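**Q** For reference, the chains in residue letters:
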Amino acid sequence: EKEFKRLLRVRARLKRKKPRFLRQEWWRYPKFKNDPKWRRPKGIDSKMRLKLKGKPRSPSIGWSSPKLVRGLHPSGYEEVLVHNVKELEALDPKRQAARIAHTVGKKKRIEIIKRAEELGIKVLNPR
Amino acid sequence: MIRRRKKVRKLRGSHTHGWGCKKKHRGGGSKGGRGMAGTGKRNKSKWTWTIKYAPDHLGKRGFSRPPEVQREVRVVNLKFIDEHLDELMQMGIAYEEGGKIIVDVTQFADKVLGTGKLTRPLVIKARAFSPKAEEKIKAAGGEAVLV
Amino acid sequence: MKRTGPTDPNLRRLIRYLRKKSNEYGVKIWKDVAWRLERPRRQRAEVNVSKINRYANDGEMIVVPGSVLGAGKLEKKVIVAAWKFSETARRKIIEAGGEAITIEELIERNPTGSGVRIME
RNA sequence: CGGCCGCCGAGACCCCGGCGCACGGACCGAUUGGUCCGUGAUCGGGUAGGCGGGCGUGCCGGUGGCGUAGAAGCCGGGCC
RNA sequence: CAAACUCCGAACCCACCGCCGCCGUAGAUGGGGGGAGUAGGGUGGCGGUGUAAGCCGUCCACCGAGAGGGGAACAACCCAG
RNA sequence: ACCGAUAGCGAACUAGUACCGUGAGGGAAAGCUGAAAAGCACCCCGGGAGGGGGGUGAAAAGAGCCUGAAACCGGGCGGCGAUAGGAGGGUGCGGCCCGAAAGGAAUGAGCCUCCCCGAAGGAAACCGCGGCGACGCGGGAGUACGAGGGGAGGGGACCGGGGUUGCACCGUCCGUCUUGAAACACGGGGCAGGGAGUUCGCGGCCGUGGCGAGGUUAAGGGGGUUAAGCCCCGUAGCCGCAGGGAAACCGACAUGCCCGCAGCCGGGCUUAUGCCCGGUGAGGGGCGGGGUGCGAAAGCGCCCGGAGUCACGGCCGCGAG
RNA sequence: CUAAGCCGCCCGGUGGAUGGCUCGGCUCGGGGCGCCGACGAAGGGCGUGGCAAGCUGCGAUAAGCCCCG
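Protein chains in written order, with the authors' numbering: chain Ba, 3 to 129; chain BM, 1 to 147; chain BP, 1 to 120.
Some hints here could point you the wrong way.
[As the list claims (entries may be wrong)] Below 27 angstroms or equal to it, Euclidean Cα-Cα: the simulated DSSO-like pairs (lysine-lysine) are: (1) BP:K31 x BM:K117; (2) BM:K136 x BP:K73; (3) Ba:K44 x BM:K22; (4) BP:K51 x BM:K136; (5) Ba:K44 x BM:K10; (6) BP:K73 x BM:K111; (7) BP:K31 x BP:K20; (8) Ba:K49 x BM:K22; (9) Ba:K44 x BM:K7; (10) Ba:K109 x Ba:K124; (11) BM:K138 x BP:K73; (12) Ba:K49 x Ba:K39; (13) Ba:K69 x Ba:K17; (14) Ba:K44 x BM:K23; (15) BM:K10 x BP:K2; (16) BM:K60 x BM:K46; (17) BM:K117 x BP:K73; (18) Ba:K57 x Ba:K20; (19) BM:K10 x Ba:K39.
Calculated from the structure, these hints are not laboratory results.
Turn these sequences into a full structure, and let the hints guide you.
**A** Here it is, written out as structure tokens:
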């Protein structure tokens, strides 16, 4: 757990420092402001392509999270999407947390939550 | 079994599809002539390619007799005669008819060539022979009969 | 372009087992045969009973990292192990007095692979 | 003009942690895949262009599912 | 006095050998195959020409295709990839 | 395995209709209430259109009728706001404001206090000495400190995140030809939908799979079926098996030698991988010999010791828009 | 308790995208069927409904008349 906690803190700091990568001139037009995205600048005179100081930065392979904690919920568990009680049954309470699919109705959510709580399984969205 | 995707799917977004400057890939001028144009006869744009990769592209050579008059002669080797002698039994091309073994090569092949080696003696009934073929057969022990 | 390797799961498992066996017995024959088997399918080796007859000896073990074809004649008694055999090739091998086995059987009979000859 | 003494100053050089790539090695997965270890002062900019992996959309053959206790779609927000 | 002279003649460059150094069995040198793009270059030193700007070659150092720190801003200059 | 109302025929509908031109001829736009009209009875106001009550309906979905986005406009709310300069942004933080959920958190947040280790790096007080001087040298000392890594106690509700704006420094938009773009070079009022390496034939390659001295079927035929799927046959043909030559025409190594990589065998060094030496060595290379064309001949060109063919996918070449 | 003005959220108007639907298109191996006219054709003009303008259908018997199923 020592290394796990150290790397979890490292990832938290890294992803707090990381910026939001957005295409060039995203703020200038509604067509881009309403649909935020990142697109690689490919112009011959594109300052962002040249990577000049004072312009928005570009994504790089160095921003990746540490391998051990990559893709984990900030609480430290491994997320698993569940659509029914049978799917929830195949989960590991010690290391994985169930996320109930957005599409399942409250009727089924009731049994999913009951089974999770009687099995001691963490639920990220218990309602 | 191995299936992939066309290069266009990856090129979607490259603004040129790997053709160089945007002014390239226009048409007949880009190809330097439509088809075999400019191969040397009247225009020499591809003369440098013709003189190396397609010699004899321009010119005439000897004649050719009409297909009708030409005669076709089927040819077999004494290596085959021995290697596939077992198969001929089923179709009857070869048989015993006494102590010796008679193979009639008149239903397949006309002239017997002398490449390979002869192992077992036999009598082959052919119409044409080669000097080396007959020498090999005589040395092995069989015989050559001009049926 | 990329070399995707053999598509046959049996062949892939055989390659893995070959490398494992080489590591187990501390030899190089099986790893050599493995990297020869993983050759591109347009370059996989095919050998003929004629070549086996030319370069083999009676009571010898031969390994072909590919296919064995039945063009020619065989007169020696040899134990040949190859990925696949044609009907004519196997018939000739058997009629000559030898046996046509697989690489797995060759390993099972000769774990150390002493005296085995590679042919391509 | 001839010299000297301190200080300030980069993404350069040094150190710590992290990512990927190249090469070699050991393991598991029934097709291109996955985990870990070792070396890198002699790996990490990039236009034309070459190669590899991945993200997303409509339909079909299968497999496992969700939904009037509220699907698709739409506005705002949280997390990877 | 000599670009279209040489009784002489460097620096320097080239070919080959031996060795040091470096690369190479984790496969170099080399060989075969698939796919290109490139046929307007610029600055900087040198040579011929021109009153000069410039024109034409040569050297491969930098921009083209190159961030960051400076010369006030600067394509080429300095540190630096 | 076709499109799904800017798509698909031009026309999903009173579409070859409306409309344009003297004429030959050209030719659009336009689908959706609800289960049921139950399609708003009655009341106040207005000239009327309508407005406000009150009813119907699960829901106004109210006929200007499924859902109802973007651009644009009006109002409310949070921040800024009349001495301040840069393409409207970047880095860092400070005001004001929002913070239920999906992020952390009373199984304890911001915060406060205490103890330990510590990379690269790294002082000063104090004392002695050298230099005209700025200052430097030796001890202090590799000490204090140092990225980060750990432990303990106190307090008890915020941290992360978001909107706007303030300050410090930096930053002359996007696509394009071009040696060179902020350019007084070209294309750039805004938003939504549509939009540009497709198909066949032939040839060269590669990734994989089947069979293999053979490979493969085309047209078509039979069985079965809801069906064009599925099963079997079909050797015509095509390529390969023998090359050389204009043609007539002739017509070859199933290995006779030498090197030799991997692999295998014997030996030595070596804890093991590993290294060296010697033999054998598939594949690979060099000879020798052979077939044919030219030659009087020598001698040269090409070829000869068996790997091809079919299929799926991909890259490119030529012709078709 | 800032006039104008700029950014962000909420509500409203404008607009008709998106999603869902589909009696319409498009393409097909096989199957069916392939001519009409002087006994006046195709095509067209004009009429015809109680309220009837378009389309469709019909023809002074005019969204129709008669007979067998």
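**Q** Next, verify each hint and record whether it holds.
**A** Against the structure, the hints come out as follows:
1. Proposed proximity of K31 (chain BP) and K117 (chain BM) is contradicted: the alpha carbons are some 40 angstroms apart, above 27 angstroms.
2. With a C-alpha separation of about 19 angstroms, the suggested pairing of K136 (chain BM) with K73 (chain BP) holds against the 27 angstroms cut-off.
3. Using a Cα cut-off of 27 angstroms, the hinted pair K44 (chain Ba) and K22 (chain BM) holds, with the two alpha carbons roughly 14 angstroms apart.
4. Note on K51 (chain BP) and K136 (chain BM): the hinted pairing holds, with a Cα-Cα distance of about 23 angstroms set against a maximum of 27 angstroms.
5. Restraint check for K44 (chain Ba) and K10 (chain BM): the C-alpha separation of about 16 angstroms stays at or below 27 angstroms, so the hint holds.
6. A threshold of 27 angstroms between alpha carbons decides the hint, and for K73 (chain BP) with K111 (chain BM) the separation of about 24 angstroms falls inside it, so the pair holds.
7. The hinted pair formed by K31 (chain BP) and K20 (chain BP) meets the criterion: a straight-line CA distance of about 9 angstroms does not exceed 27 angstroms.
8. The straight-line distance between the Cα atoms of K49 (chain Ba) and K22 (chain BM) is roughly 22 angstroms, inside the 27 angstroms bound, and the hint therefore holds.
9. Distance restraint check for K44 (chain Ba) and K7 (chain BM): the Cα-Cα separation of roughly 20 angstroms lies within the 27 angstroms cut-off, and the hinted pair is therefore satisfied.
10. A distance of roughly 19 angstroms separates the Cα atoms of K109 (chain Ba) and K124 (chain Ba); the hinted pair therefore holds under the 27 angstroms criterion.
11. Straight-line distance between C-alpha atoms of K138 (chain BM) and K73 (chain BP) comes to about 22 angstroms, which keeps the hinted pair within the 27 angstroms bound.
12. The straight-line distance between the Cα atoms of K49 (chain Ba) and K39 (chain Ba) is roughly 18 angstroms, inside the 27 angstroms bound, and the hint therefore holds.
13. As the CA atoms of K69 (chain Ba) and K17 (chain Ba) are separated by approximately 14 angstroms, the hinted pair is consistent with the 27 angstroms bound.
14. A hinted pair counts as satisfied when its Cα atoms are at most 27 angstroms apart, and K44 (chain Ba) with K23 (chain BM) qualifies at roughly 18 angstroms.
15. Distance hint between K10 (chain BM) and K2 (chain BP) is fulfilled; the C-alpha atoms sit about 16 angstroms from each other, no more than 27 angstroms.
16. The straight-line distance between the Cα atoms of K60 (chain BM) and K46 (chain BM) is roughly 20 angstroms, inside the 27 angstroms bound, and the hint therefore holds.
17. Taking the CA atoms of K117 (chain BM) and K73 (chain BP), the gap is near 12 angstroms; set against the 27 angstroms cutoff, the hint holds.
18. Simply put, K57 (chain Ba) and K20 (chain Ba) have alpha-carbon atoms about 15 angstroms apart, close enough for the 27 angstroms limit, and the pair holds.
19. A C-alpha spacing of about 20 angstroms is found between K10 (chain BM) and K39 (chain Ba), which places the hinted pair at or below 27 angstroms, so the restraint holds.
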